[PDB]
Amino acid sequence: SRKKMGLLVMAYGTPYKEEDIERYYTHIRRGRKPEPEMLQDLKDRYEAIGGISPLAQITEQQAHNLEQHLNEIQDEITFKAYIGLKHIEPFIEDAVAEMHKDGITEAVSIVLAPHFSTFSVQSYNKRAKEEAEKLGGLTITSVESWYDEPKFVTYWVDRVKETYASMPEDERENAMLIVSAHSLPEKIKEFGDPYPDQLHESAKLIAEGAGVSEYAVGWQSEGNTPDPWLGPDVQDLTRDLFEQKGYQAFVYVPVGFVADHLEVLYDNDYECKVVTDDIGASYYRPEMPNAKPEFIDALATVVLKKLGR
């Protein structure tokens, strides 16, 4: 009775083992192999955050729990998850070819990043669709953004409320909430890319829901292309706000990220923590969504809304 549909779950990708780091960052750096000192530094960072292998496992669990949950909560469609990644196998093109090979004719896609950008989401969506077109007989409907899904907002609102409630009274009245996403080159503005506006809306929605009146928006994890990247960076922002108003606690919500990956476990929990430690402020960073049931239900809702179900 049920209609079969592919569920294409797309993400940046993460290395699967230490020996993957070289090829992974080469791919990110557009063919430019990192120098030996950069490779060793990267290996050290991954060791510092508890190792590499749990990273890719999170994406796999998110895709599979999403598949199973979608299949449980409605009775019209049977979904089959396929993971397509940007910077490591299985690549996006590989996943589409496999759906096509398995006889899938209709699919829905979603990127594991809630905010639309021309650089990331649009590019993944275009690549998926071009491959489907090249093969023929397979169509894909693509989710473009989902930062504004109530259930996803609620996830972060609830985590923020819990954090502020755990604070001693003096920190609670002198805390600052920093809401962030991965920086992109500023030149996306040339196309009217709504990515920065969507991060600001994410921050508004989360702060409002949590009852937090003092918050700011920052960016993190900028690459090293020559042209300017979106700022301010979370490290500079933290220090600027501290020098400005003397906050005693900083709460970091990297809403652009969905998992315990390097850019959270290192770029927040180490790099921002260095700054808060230096200024004598408390550091808080609530749990990332990962594959938790509340997050999986939000993602399932997004997918079913996109399909008009």
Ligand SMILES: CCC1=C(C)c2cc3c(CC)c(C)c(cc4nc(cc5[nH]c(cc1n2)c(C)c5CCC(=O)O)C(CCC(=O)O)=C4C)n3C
The other form holds:
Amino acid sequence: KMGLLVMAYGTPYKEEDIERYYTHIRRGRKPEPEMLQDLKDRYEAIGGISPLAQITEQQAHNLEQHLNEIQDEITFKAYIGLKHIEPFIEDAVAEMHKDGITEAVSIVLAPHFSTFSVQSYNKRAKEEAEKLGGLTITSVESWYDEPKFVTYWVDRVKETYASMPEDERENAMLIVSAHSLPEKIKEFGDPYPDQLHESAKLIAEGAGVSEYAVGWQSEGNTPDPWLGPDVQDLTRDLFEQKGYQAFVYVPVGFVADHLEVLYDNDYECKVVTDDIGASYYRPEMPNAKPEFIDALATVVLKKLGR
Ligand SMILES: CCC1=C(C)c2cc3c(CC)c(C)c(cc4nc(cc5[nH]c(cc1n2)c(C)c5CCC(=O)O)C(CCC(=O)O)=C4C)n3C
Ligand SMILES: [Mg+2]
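What's the form solved in complex with the named molecule like, now that we've got the form deposited without the named molecule?
Shown next: the complete complex, the earlier chain at its head.
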């Protein structure tokens, strides 16, 4: 029986947990009253926070189920480990250890590798495992290039373009994005930017979409500069240059209908498209769909030489 450590940034499971979540993100400092209310309002704006955390749970549960279904050599047991929400990464490793797991494979629910979003999680997981002893973790570092994942987005893009009216179909711009990170990741030779670019190329080329651009979104508010351009500004700049009648957003860096997609794209990017008179398109996120889960299972098996 092998452990399957599924990690992610995390989202509050209950509305009452938002402040604590924010505090964790701010490394021990409670958010200012208004700052807190603003975040609460965004969750409200997208229909409520309750559904969100459940997607990650379903992704982990479905992945476990699928992996035990498609092959009969290994019996996987999933453990979710989150960065800012309990169960925390260390606690997940602690439970695997307590459960008797001696070997585990880990995967982060973010296809592109980055020092802040994949490496830090893997590092924290392995250090805790080392500390407890008798537990070896093999970690997936990036999977944006898994053919099945690329195909998922390629098909979603094909469907969207094939369904647009003529005026729009030949005057559209595809914007491929991921979550922005501080520019200082460059001090570590972080390939994150390169991977998003390759991810965009693979998808646009597979879909036969010639007009596309790479952008970043959801940057946090700190004194340091984050990766740009932001999808909002990119959309406007491109419209000003070519006057596109439609924009298709593929937030490939994200795997589910969370705040970044439902708000930063579906609301903020549509505000821009609405403002310049262009149509807004944003294909279905992977969430816990069978096609996506099978892509993840493949990534895990390949990592294990299976
Ligand atoms: C890529 C995954 C990712 C997601 C999703 C994410 C989400 C997110 C949320 C949830 C809506 C909130 C309230 C904030 C909002 C924020 N997010 C961060 C800080 C970060 N946010 C980060 C990453 C990150 N943040 C990283 C990495 C940092 C730390 C960067 C660094 O070390 O300098 C801050 C700064 C908090 C502080 O004051 O320390 C705010 C605000 N972020 C951007
Ligand atoms: Mg924002």
